[PDB]
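Given next, in structure tokens, is a single chain: the form deposited without ligand GSH.
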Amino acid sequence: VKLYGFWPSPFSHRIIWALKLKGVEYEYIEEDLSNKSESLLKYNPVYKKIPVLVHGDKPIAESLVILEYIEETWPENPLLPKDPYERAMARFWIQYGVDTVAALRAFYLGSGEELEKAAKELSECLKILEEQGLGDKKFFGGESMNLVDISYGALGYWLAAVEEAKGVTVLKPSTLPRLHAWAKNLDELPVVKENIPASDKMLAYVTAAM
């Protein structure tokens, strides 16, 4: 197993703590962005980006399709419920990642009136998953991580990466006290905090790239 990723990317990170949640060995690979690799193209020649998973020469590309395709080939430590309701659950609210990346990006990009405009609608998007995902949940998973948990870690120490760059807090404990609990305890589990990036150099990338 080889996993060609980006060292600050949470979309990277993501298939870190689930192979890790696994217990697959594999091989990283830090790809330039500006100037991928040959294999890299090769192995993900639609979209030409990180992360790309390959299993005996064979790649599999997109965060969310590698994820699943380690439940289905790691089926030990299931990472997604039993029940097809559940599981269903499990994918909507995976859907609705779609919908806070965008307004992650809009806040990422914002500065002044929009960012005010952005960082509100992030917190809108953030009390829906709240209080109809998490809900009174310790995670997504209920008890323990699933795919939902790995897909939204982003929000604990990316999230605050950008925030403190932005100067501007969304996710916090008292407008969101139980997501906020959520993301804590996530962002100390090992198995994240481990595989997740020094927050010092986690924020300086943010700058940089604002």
Contents of the next structure:
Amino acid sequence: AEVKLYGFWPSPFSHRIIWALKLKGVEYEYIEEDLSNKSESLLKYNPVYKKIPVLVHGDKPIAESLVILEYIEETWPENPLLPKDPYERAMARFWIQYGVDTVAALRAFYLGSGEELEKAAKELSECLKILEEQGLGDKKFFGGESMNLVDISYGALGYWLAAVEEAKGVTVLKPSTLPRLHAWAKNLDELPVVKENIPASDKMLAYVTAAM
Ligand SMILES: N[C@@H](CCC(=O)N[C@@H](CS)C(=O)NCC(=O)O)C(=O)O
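Okay, that is the form deposited without ligand GSH; can I get the form deposited with ligand GSH bound now?
Below, the chain from earlier opens the complete complex, with every other chain and molecule after it.
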């Protein structure tokens, strides 16, 4: 109500927006899209990309999850998900942009097989070690003592990557090699705002498996 969210159930890109809206207490109408039979509404609201998610606020559409998250932060500023200091805001945006590199590494791992899969697993691990060492550090959350937009952007490193790891038979994010990032991902997975708003583990696995 007031806000509509066009999504796809198994997509972390959609889950990101749900978490942000719940952290802001904003009520929304969720519309599930069939990506092989896209609604007329989705095609009208996101003509450029024809992708979910799309947030519609008072009949005006915002596409692209990272753009939507910034819009939510600016439109409902209470309970900030970005810091005030411009430098710390720039560091948040920097690590969100590093998410592009992370998604690419996740994608190569997702698609890898044989000695390719072992390559991509090693490269994903190296990508995550940089994120852990230079991004997260010794903080409980990327946002410090509470989640910020960076935590939301990387939350898929828990439930989603875990499902992919199971399907692939290879675990990359593990406590022995990434103790701080693994603890972060586990803690985020156990947070009610996340745990209540991701698919059941069995459904998530079933999905990634199929996709493969
Ligand atoms: N950069 C976009 C990516 C979103 C995206 O890739 N959405 C996929 C589903 S996870 C999609 O809608 N694909 C349309 C299609 O399958 O043709 C974002 O962050 O919102």
